[PDB]
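Asks: Here are the chains, one letter per residue:
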Amino acid sequence: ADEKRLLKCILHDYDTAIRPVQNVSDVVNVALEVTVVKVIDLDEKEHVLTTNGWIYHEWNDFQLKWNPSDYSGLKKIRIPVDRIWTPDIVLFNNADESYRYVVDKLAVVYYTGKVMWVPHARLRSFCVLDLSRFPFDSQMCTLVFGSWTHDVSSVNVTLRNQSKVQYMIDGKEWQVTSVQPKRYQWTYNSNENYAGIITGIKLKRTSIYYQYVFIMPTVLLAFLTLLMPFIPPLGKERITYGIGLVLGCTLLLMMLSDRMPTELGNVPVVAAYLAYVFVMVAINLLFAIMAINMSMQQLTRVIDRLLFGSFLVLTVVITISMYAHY
Amino acid sequence: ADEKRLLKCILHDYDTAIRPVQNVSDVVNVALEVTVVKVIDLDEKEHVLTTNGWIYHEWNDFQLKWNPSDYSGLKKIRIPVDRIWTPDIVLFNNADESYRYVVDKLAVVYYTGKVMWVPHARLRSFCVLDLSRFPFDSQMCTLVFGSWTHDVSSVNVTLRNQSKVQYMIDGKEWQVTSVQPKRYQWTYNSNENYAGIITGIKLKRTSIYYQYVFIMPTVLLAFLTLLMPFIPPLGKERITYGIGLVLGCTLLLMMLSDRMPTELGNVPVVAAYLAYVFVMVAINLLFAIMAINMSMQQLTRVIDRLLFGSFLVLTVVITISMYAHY
Amino acid sequence: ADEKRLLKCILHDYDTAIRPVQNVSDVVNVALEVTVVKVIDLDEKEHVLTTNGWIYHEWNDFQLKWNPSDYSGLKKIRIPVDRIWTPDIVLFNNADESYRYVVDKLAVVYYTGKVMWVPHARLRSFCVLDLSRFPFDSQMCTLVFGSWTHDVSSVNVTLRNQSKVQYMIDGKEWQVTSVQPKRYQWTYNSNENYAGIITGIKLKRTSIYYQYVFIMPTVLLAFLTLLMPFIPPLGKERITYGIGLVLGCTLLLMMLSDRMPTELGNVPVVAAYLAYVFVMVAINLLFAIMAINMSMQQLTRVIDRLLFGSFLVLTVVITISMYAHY
Amino acid sequence: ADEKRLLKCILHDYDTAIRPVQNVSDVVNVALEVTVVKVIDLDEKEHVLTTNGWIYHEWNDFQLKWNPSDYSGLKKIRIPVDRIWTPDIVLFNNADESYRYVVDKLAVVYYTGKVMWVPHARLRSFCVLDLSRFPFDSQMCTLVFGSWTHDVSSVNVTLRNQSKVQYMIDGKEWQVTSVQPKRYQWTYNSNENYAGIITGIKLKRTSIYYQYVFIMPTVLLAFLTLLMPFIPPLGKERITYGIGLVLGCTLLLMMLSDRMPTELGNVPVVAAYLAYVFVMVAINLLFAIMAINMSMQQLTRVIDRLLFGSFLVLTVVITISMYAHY
Amino acid sequence: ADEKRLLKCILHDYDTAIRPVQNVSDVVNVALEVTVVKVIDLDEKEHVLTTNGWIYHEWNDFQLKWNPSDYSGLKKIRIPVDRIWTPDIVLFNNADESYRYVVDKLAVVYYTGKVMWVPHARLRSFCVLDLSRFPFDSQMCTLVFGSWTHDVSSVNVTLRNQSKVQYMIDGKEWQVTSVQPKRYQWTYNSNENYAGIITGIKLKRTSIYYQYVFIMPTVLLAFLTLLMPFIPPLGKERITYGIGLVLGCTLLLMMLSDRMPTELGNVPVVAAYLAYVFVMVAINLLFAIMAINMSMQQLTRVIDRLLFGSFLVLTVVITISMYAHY
Ligand SMILES: *[C@@H]1O[C@H](CO)[C@@H](O)[C@H](O)[C@H]1NC(C)=O
Ligand SMILES: *[C@@H]1O[C@H](CO)[C@@H](O)[C@H](O)[C@H]1NC(C)=O
Ligand SMILES: *[C@@H]1O[C@H](CO)[C@@H](O)[C@H](O)[C@H]1NC(C)=O
Ligand SMILES: *[C@@H]1O[C@H](CO)[C@@H](O)[C@H](O)[C@H]1NC(C)=O
Ligand SMILES: *[C@@H]1O[C@H](CO)[C@@H](O)[C@H](O)[C@H]1NC(C)=O
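Taken in order, these protein sequences are the chains called A, B, C, D and E. With the working numbering applied, the first sequence covers 108 to 433. With the working numbering applied, the second sequence covers 108 to 433. With the working numbering applied, the third sequence covers 108 to 433. With the working numbering applied, the fourth sequence covers 108 to 433. With the working numbering applied, the fifth sequence covers 108 to 433.
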């Protein structure tokens, strides 16, 4: 067949390690575009972002050149990348042992020498996230692609400006929206430059899981702690009520500590609210113990009334602040 | 032997990367049928479906052509796929790093050129599931198979209409039933088309695990919360009973939050019932605290009677609604 | 040396994909015997059985044939399986991504053409288990070995009847005993037959872990629930005692739900006993609340006496039934 | 260079599968010595021992023979094992899917034909452990190395008696000391013998983790249970104290069951002590309930005094026995 | 092209296993420098340090030698390491099964024969850590690189003194600072020396996670235990308050035991503080039980006053000591 003829012709002496430049003072312009098809997860416990997508490679191999008229058309031809040269472009913030692709067995080569690859992949990428508004947090995770072997004088990583589009994924957790990728240049020993593309995706947590697990038991334990100072001290049920709030808030803290990551810069607002509720139970237990201590003078109810007034107004302020965060 | 003769004959110049078309404007029709032998698990915590089954490949390789009379019969012959051409057909929603097969070492080739492969595999597939009726939920998970390298003008993925059958698996968890697969066409840059088969399987959770773990302690804690307002307030056991319900419902919430996934769109009905029970304990604690607060006028029992009446009728309505869900 | 001479002689034109039959209407009889050396674990949470053992292959390769007198003896010779033909026999219920062996680098070939392989392996096998008597359960897990590529007309999987022996392993968990393997024939599209061996091993759980963790706290919480109705109602300690049983039985339920698998057909007897204890605490709390409700007529002790009598006799019946299960 | 000359000379016709014997009735003596550099962990939950060390291979390859005077010295030469013959010696109790080495890329070959390998490795080995003295337990785990392909008539596994040394590792968990390795011979079908070395290492748990987590809360809950019968029954705080001990001992039991393995032969002494404390709380709750039951004759304090006396003397006996275990 | 000419010239007879020395009594000086770009995690539960960085190899291959004037410049050339010799330098304390690189597909070779490699990698390294000041602990973890095959007489591992720089990473967990690497020489059978570089990095935990999870509930439970002896004994709420502290401190202990590793040498200060709080609750429960025991002479308040005085002054001493640790 004619498809075997050009394949045996233009791969008769091809070496997969030779950089395809006609002159020694020349580079190859490798065009990249990462496109996410599905954001799988954002594991903040280990600061990884698991995602699925395809990275569009496009370079210009001048050694694979022919005219279609000698082969009766056939502009497109498909070669595995194990027999042609490929640029070593990997993630700059890879979060696993080795970088592997889902499909990497074919690459489209045109008659003008330009080569497309498009290997689909599952990318685990490190991305910095600040949990100062957990779980009502808007995020931004970056994927950095580039060459760690070839410098700028060997290859040139270029974004494609012909498709300056933006896309969105309406996940049930994250309302993922994309940011226009840019090129940022990393140096090496202040002489050699190692270029690379950077692509941000702006995650936005729209969750009903973390609200139901963390927001509503914390505000209801706050409600019970506010209901506590109407209990009269001379029956001996206020102290066991307070220690029940202590145990329930300890269980809620253990929930939160199981879910909140170690890799933490600032305290989340749900954690600060839970700490406020926990120390509020402590202060109310102090007031109950003092009240029953001098109950053995009996004009205690105005102290509990002003304590409920202060805790009511400050709890309304704190809850309104957390609602303004949401 | 004669089996070596045709193998050395029709693989004397075979290239595994050449697409087997006689004309350049021709495609190869690859027939697919996925068949599940056992659905292993549906991990909704990570939205994956682990299953075991074999995917039936069938294409037409015109380069492997011979007559049996020159080889004294032997219509069937078995070649490993590492020496012949195979289509790059993978899952469109694969949920692991790389796509691998359990057995992929043989493929049946006939004298008419048609090639069967049948590689058995363990497929981890992403599938969307809405847990609005957990755990009495009927589901539907899809397996999408197709080529991410060859377009429609190179290969053509075709369902086989000769076997339009349906099957079922009677698992102890899922009553798995199958749906007639169809073909859905995915586009690429609005010019190149990338076809593929889609196969739905309709899962149905028939579980006694999640009922015993979640349904019966929630309804029994509801029963205890309904029994609560018959306790007289002037003994100081109602408040510790209410905080015991608070701690028990917190433990049940921690059970549920351990089992309910983060990847959540809507709240499950067991979660809504547990939240209703938890806020019912909150309202009953408010009423008990108010009652013992003005116990220091003594006609409290009619308020507790009407409170039990309202909680009884609304609890019967909610439990009847959850039973109508089941 | 003479060992290289026959190796270069009878592998001078050997193809590893040719099925070794002299006539086209002939099969090769591959003799199998799986032998377990150690049953590692039975993970019922994922329905897998991890085991270690060697599978004894034995077939008849007529292409490796020589007389010892031309090579001065040397009946035994050892060839890696990468250079000779091997049958593609795998597990029919494999529970991992790919089937791999611990040692697969040598195979013994005799002068009569018969070939032994014996690759040792760690097998993860799916096996159906019914937990209707957890944890006093006698089990049976099956290992099915066969070819998914070669049919009956290509290879023939045969058990060896020369060694019809039975063995046993005295593990600290499982008293593992073996069952005589048999041959069961699986069909494919009702025309092609795909044979295979099946080997059952009869596990028997003899555990002191699950007894100490689950049986004794459940029966002691039953003992405390039986001790509950001797508490007089007019002191207000019966209700907090009952809610303490509620919280303790909730903790025990959370233990059991952590250990009991999701993949569940029937409720275990320890789970049914725990549910019975939990609803017994519910009924006793109902009776205590009613008693203290009409304590505000004072002839309550006969009701508690008959309640203890009914709960005593039915608890003795249930505990005797669970002991008869053991 | 001269280093390439002998490498091309004595590997000009080398086959990596030929067993290096001049006569057919001859074996090769492969000398083994495993040396542990660091014991990583002893996971008793899965009965594995993770360790790091190098296994010293030494055999006599008569096919790699030369005199140094023809190559101007160069007695030592270094060949990768992929081009020379190596004996297939693996662990007899391997605890992973496949046996792999950390470094296996070089092997030292001398001019006398003797070959050293020394591949460093991370070994996961099954070893039997009896937890009858957890966590004050002295242990012994074995590493068995041998050939599962070559029998005694092919290779001969030999310990080296020139280095009959013993070593020790002072870990913060295990005071690891080594035992002089010996040779134990395993049979196969009572005709073929499969030899192998066995090496015991005597672990000794010197832990402050398991003491602080398990020993001190159990003995302090024992202390609280002993303090319980001084509470007078006519205040209704003894029953809630006893149910608080029930809940605390249930939490401690859940700690222990999370840490104690399923793979259990005998109950640990900490588990027996916790069960004794738990049933002691049960007996004390029975005595408190009986006392408050006939409190409605008032000479109860001598019964509580003799009960404290019996529980004191038997608790001192049990604690002295557990201290004598330590 | 000219780039293929020298590649075919100086690799026309290259063997990848020959050590590149002109004389037999010569070594190759391999220059190493590990550089960390990001410290991923320090898992003290398994004593591993996961990090990302590149290790700078530099050796002198005299077999790859040419002048640029015969090839019109081109001093730099890039060869994959699979076709040239590379030194077998691995981690001496590797914490996984096999040592693999993220990128290892290229290596820069100059016209003077010196070869750079720079493979980026994710290193899991064992490092000793003493948790005597958890979580306010300054740490030091070491990475040891060297050859386990080539001795000092074959290769020579050398640090590069031209870059004696120090760097720092401002993580949200660890304020990572680097230490000047040195060379330490390991012996083998007291005759052969096996050199290697060692590089320390000085970690410093600056966390708000472990403080909020462990420090504040322990000090607040200490605060509640200090508030306990103002409760009058003749109401029967002191004992249930003490058992509530017992249950809350048990939950906090279970938090800590879940987070504190088994691999423990000394008790952490948070663990010692929690044990002190737990035994303080025990002593206060003893004093409350004694007080209510002889309440049935009534001058008890001075004993509780001196007990609060002693517990106040010793708690201030302990908390001031833990603050001086911080
Ligand atoms: C790489 O391509 C960009 C595209 O604009 C260009 O600006 C830059 O100079 C190029 N780098 C080179 C030629 O080294
Ligand atoms: C692929 O096969 C289907 C089968 O009906 C056909 O409808 C479709 O046109 C084919 N696609 C081509 C030929 O591009
Ligand atoms: C396979 O071997 C068994 C052994 O008895 C025999 O019964 C069966 O007929 C054989 N199958 C064939 C020859 O297809
Ligand atoms: C293997 O070596 C040991 C070393 O003493 C020897 O006793 C034994 O007989 C040898 N086995 C043979 C030669 O089969
Ligand atoms: C290795 O290099 C160091 C660098 O100073 C040198 O001191 C040492 O002697 C060398 N080792 C040899 C030549 O064996």
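Possibly wrong hints are sitting among the right ones.
Since the list gives no way to pick out one identical chain from another, each pair is judged satisfied if it fits inside one copy or across any two copies.
Stated by the list, open to error - Simulated crosslink set (DSBU-like; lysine-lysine; CA at most 35 angstroms straight-line): (1) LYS111 x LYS271; (2) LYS309 x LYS221; (3) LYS183 x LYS289; (4) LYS311 x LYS172; (5) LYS309 x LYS145; (6) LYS182 x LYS152; (7) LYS183 x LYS279; (8) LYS172 x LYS343; (9) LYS279 x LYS221; (10) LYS152 x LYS111.
Please keep in mind that the hints were generated in silico from the structure rather than gathered at the bench.
Asks: Run every hint past the structure and note whether it holds.
Replies: Here is what the structure says about each hint:
Proximity of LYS111 and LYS271 under a CA criterion of 35 angstroms is satisfied in neither setting, with 38 angstroms inside one chain copy and 38 angstroms between copies. Proximity of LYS309 and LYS221 under a CA criterion of 35 angstroms is satisfied intra-copy only: 32 angstroms inside one chain copy versus 45 angstroms between copies. For the identical chains of this complex, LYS183 and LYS289 are neighbours both inside a copy (30 angstroms) and across copies (29 angstroms), given an alpha-carbon limit of 35 angstroms. When the C-alpha separation of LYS311 and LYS172 is checked against a cutoff of 35 angstroms, the pair qualifies neither within a copy, at 47 angstroms, nor between copies, at 57 angstroms.
For the identical chains of this complex, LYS309 and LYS145 are neighbours both inside a copy (13 angstroms) and across copies (23 angstroms), given an alpha-carbon limit of 35 angstroms. Within a single copy, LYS182 and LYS152 get their C-alpha atoms no closer than 49 angstroms, and across copies no closer than 47 angstroms, so neither meets the 35 angstroms cut-off. Proximity of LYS183 to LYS279 under the C-alpha cut-off of 35 angstroms is found in neither arrangement, the shortest distances being 40 angstroms within a copy and 51 angstroms between copies. Taking CA atoms no more than 35 angstroms apart as the test, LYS172 paired with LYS343 passes in neither setting, with 92 angstroms inside one copy and 92 angstroms between copies.
Neither within a single protomer nor between protomers do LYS279 and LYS221 lie at most 35 angstroms apart by alpha-carbon distance, with minima of 40 angstroms and 45 angstroms respectively. In this homomeric assembly, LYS152 and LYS111 never come within 35 angstroms of each other (Cα to Cα): the closest approach is 52 angstroms inside a single copy and 49 angstroms across copies.
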